[PDB]
Amino acid sequence: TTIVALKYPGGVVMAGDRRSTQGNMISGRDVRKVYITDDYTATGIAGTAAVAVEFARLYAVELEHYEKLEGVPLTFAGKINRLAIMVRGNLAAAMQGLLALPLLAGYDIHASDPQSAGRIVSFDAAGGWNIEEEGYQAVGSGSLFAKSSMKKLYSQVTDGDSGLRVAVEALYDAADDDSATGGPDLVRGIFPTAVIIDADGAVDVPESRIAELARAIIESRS
Amino acid sequence: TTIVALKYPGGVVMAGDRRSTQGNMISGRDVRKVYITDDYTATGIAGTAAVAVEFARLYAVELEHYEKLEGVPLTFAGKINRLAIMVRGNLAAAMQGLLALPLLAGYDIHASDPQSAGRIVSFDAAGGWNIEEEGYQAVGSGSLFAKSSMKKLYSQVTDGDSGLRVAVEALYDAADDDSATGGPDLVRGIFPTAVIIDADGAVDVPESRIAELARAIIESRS
Amino acid sequence: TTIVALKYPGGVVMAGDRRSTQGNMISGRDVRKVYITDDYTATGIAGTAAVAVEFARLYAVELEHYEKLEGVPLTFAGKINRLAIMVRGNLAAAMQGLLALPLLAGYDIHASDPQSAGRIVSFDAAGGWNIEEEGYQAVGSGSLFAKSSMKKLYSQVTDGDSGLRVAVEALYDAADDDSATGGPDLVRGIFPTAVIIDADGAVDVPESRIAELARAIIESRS
Amino acid sequence: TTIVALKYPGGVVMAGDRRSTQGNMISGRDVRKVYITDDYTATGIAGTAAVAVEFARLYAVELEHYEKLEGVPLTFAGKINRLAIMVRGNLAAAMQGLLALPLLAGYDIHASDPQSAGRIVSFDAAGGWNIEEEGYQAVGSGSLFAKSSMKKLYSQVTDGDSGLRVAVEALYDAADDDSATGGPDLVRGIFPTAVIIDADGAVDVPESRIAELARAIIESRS
Amino acid sequence: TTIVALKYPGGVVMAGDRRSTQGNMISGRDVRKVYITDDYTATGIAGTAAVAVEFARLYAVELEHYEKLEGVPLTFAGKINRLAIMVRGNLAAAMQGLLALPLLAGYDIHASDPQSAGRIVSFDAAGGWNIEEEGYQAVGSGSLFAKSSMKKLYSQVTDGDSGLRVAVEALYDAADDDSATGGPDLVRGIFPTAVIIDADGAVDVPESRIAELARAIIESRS
Amino acid sequence: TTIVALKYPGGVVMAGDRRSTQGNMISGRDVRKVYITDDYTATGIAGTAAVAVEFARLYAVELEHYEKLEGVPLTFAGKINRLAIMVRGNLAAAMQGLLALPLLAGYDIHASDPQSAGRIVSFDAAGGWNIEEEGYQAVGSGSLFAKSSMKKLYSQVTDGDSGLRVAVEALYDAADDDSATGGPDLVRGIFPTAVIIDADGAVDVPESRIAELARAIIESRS
Amino acid sequence: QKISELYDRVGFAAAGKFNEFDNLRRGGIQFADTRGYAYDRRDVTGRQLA
Amino acid sequence: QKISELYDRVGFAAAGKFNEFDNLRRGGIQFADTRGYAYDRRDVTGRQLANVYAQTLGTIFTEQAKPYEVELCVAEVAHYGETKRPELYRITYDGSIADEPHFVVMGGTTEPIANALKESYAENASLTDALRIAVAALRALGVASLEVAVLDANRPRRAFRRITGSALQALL
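Residue numbers (the deposited numbering), protein chains in the order written: chain W, 301 to 522; chain V, 301 to 522; chain X, 301 to 522; chain Y, 301 to 522; chain P, 301 to 522; chain c, 301 to 522; chain J, 51 to 100; chain A, 51 to 190, 203 to 234.
Honestly, I wouldn't trust all of these hints.
[Stated by the list, open to error] In the DSS-like style, the derived pairs of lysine-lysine whose C-alpha atoms are separated by at most 25 Å in a straight line are:
id	chain 1	residue 1	chain 2	residue 2
1	W	452	P	452
2	W	452	P	451
3	V	447	X	451
Honestly, the hints are just simulated from the structure, not real lab data.
Using the sequences plus the hints, can you model the full thing?
Written as structure tokens, this is what we have:
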């Protein structure tokens, strides 16, 4: 598994691969690991599949619940805190092997400068969190290859689309050097999933765009 | 790893993939696992890479050594025996993790019927061996998928070439369902290796033929 | 044990073998492992016999209980969820050896296209579930052989009857390559059990039809 | 210990030996292991003597208690269930060594055909049960020898008396090949105990009949 | 520790950092890890410092000893073999913690094409070796960062000097992302060491050249 | 990590580095480890990052809570006590690895002599505390090097600014001899953080002043 | 509604205050299911419920 | 406020004592979320919620000191891309519940408003016409001090939507 997230001027993008394994055995060719938890935050989760999907679901429920009770969404700080508390709560089971790590991307509507209202937040197994400020983050078995790819490719990011292409490429290199991360399957037509958040909220990138970017990368490397 | 071997009327064919891993990490994209130990036998070895290459080398040396001393190659039975004794000798280290299992294909020149002089022989970690008589064998992490593929595809085998295509396909399915087995890399142009043995000895299949067969399979599945 | 399930245009079919063992000892020659939990779902359970029969019984009770209280069956999604929660509840005992894995086949009356309203759902020991989309699934000690058989035989599936024959054949190959799975006993006249679900509900296939299909397969292989 | 039970046309018969050991030491020469739990069911229990006698007593109490409260005995299905739940309850202590396994024989008054209303039911340590349909069952250290004897002798069973003789013989062979099972003691005059259930209820076979059958067998073998 | 080696048209270059630690404590600021074992081979060794320096010394002795006895150096193949046998010999102590891994760079005078006579060879703890063919290799705690840097920077390599600059940069990124690898110390004036091998043998790069390249990189990143 | 604190005539100064590691891997280049818990106390915490930030936050909350309830801040003695009780409370988790040690600097407004109202207090894992009276203290992996530096440099401390320079230098030597402590990063412009407390309260030293002091030290050592 | 299934062969009708008769409806449904699970479906009778 | 979202397609209005009707508002919100999490969103219906309030009110009144001087209206519309008539339920202070086909009037003097609506009501009236009818029958007022919200059946998920300020002024 591998989930990358990077800020671009005016927004944030978050992409994730599709494979799920048991040991050396490829068990799922089309899992979706990036959820839209709310109109301004998307959440990726690496790790145990059960714990992951459960985290995502329950967190979305809690954000929206407070929103319905108080008539206003939490600030990005409150959201960060609740996610952190959930993660800290799973620590006992994470030592027993059921570890799940979330990467949280959001667009702060209350930030001062709109061009840098993008937000990326990373968590460890012990619930501590860190607001990333070098422009990108990743999680999962391929995270190191993905980060080392984005460090070089990141000067190319200038808008929503270039940022999306850089995301897809980083995923391609993660998969290229790690076997637990699936690359674009040209045969079955299964590509990474992506979410874009900007001033207007969060939308899923439609599959065709990711397909074209992936084919461009693959032809570039041949 | 996965190495298949199948008899066809008049000969035997033996093919092997190219990947070598350490855990989830792909470490070798072009290892050769099938050797021509002599003019009528090829040997594939699955398992620890060191122990494997060493087995192959030393066995070839011993066959040829007796041949030079006595002026005549051993019978296929003697060859089977020596290989078995080597395998039995590695048993202590195989319990410590350095396990290497050989699959031996040969063409018996002394057999009565030339059309069925092909020979396939399989070994366990304890040196016992078995002369396969259902027409095919395989070894390695993908062996079960490869055998279950050849069971269905084997009625198509009628000559050297059809037998070769069936071998390549069996490998393709092994790789398709197991992550430790590499499939045909169309990007880098690396394909399985194959050896054909018939009345005239053992020759390596040149890469182009394997490339065409692999491309035919891949287009058939799309 | 081995339980296969496959969609066909317009419905779903689910079949299971009859053997139950203790170690190497054949203890039951006529166990029924596929239940009709309700008018549109059948459930197979592999694993510990006690835990299996209990799961099936209790789940059927719960589906029907909510149906009586609310005056309408749950959606297929709710059913999936409750089954998943039961499975997650048995996890502590599954680590102690009492593992039971369910495979759930259903016909969604609310789906848009009737020809693809069939549904197959698979579970792991940790309660996570997955909606199968490659057309077939299996569970039990023979599941790998059954799946590798259906992958090849599945292009023949065109209706309810051809789908039934493919199911029986997949079971035959499971039993052929694994000793814990019983094949058709021609001597005692005991054949796999099968359930068919389509637009009109779930019905048990009467034994005679399964007997004829099994005899056709057995004569084909001789 | 060894307790056999077999159906005959029109009824069921259930017999048990008399020895009870501690290690190699013969401690009881006249234990009674087959109880009449009610007017239509007898229960044999193999295993720890304490747990056995307690099971039998408590189960009889419960059957009769529900009968007094509701004014009608449970169906044979309900009885099977309660016995199963007791057995499942002793599982923790059975892992600690206090294992007790019951074999339940009954005559269903509500069955359709009187000639096949006989019922034999067997249990494992985990409370699962199975309705025997090959005509006979046994439990205890000699059970395998007893079953392998009845498999051959069972075509001779045609009525209540022949069925009784077959029971006694099966016990004789159990004892003949296992040392924990006592045979007929001609010196002290202690013979197996037997219960016969048919349309008219359950009666204990008086000792003289068992004595004559045992003497006939013993003279036949000399 | 981190030692990179890369081929360039017409030769090979091999560079290594200078730090040596004990836990978190920086113990040596000027260790030399790359030796000139002979006129056409240089050897880097990562791992336990004692075992490393000993390997290098003894291997150089053995190469030169055979050269004096036979009047001709071994072929590159023989050298590879002897190094491999030494490495295999240290395996028992490597399991006890005294692990040392060598990376061997050489220039084959007997190769056919001079422009590709460069040779890079990598070893594991079990003595197996692999002839690298993607143009570069590295060993040590920073090896992954170094390789992921060279994968991108390697299209810039066109001669001896550009290849040297790429080597120094790869080291800089290793040190940048790993704390056990020392970067260029501008304060004390300690820079990585480098060896260049081409048609004319092996020479140490004089320190000034490495100093200028390092200062160019450091100013480029500011 | 390393946090130094030293009294100067008329006040107290407290500075901390910025690195945070996981093993040999540098994970945070700009963590802030020194908080202003109230108008007259600053708190540094070494150790597990989560436990550290939590301690600081909760302690600040408690000081201010009592202040709001009673209308007057606790005496410096009460503050010392509450911090000690928190530290004693984390002892069970500190044995499990989650250890966090605080160093507390304060300016006692109630002390008799204003020139010596500065206060430094150190804690162990067991909640015991000690009022330092040799003029300086430090905590963290670099604490020994920092203390041994301040012992020599401390006669130079005569006011707020000289005391600040001595603090920064002590940090520089900690980082110089320990790899877990980060020094001034001239490339990214990240410098230690500092808090000054005197008669007028606690203020953060603005970054520029720390930058100039660090550059002066670095040029002095060249 | 004032008419309801209680168990396989046992039905139920009521007249009065809806929330209360409705509440009894629910209590009756509850008792039968648990009883059946403990013993069996054919053991729950209209008499026991009444 | 006296009008509130309860669940995706279920809205709520009340009249009486604010702290109490407000308290019921909170209780109703509570029940739906937990139920949805246990089973699913499309399983919570206006009917189940309407029922819960009535039972609670009756029991509460019988065992408490003072009865809740409240009158409730629970409303439900169909989901997206489906056809079904809006359902209105009125729950009174004792626990009584009534199924209304067209409109509910709560609090104050209900007779004149109920009659004016009886003459002016028209099924399938647009949003502006229904607003005019409702304000007119309510008068039996000024742009200020009006709380207006809709259960818009056309929204994809959350149907409740307030209509406040300038847009409301333009509409009226």
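Hints, one by one, checked against the model:
1. W:452 / P:452: holds (8 Å)
2. W:452 / P:451: holds (11 Å)
3. V:447 / X:451: Distance ~14 Å between residue 447 (chain V) and residue 451 (chain X) Cα, so the pair holds.
Figure legend: structure checked against the earlier numbered hints; every hint is met.
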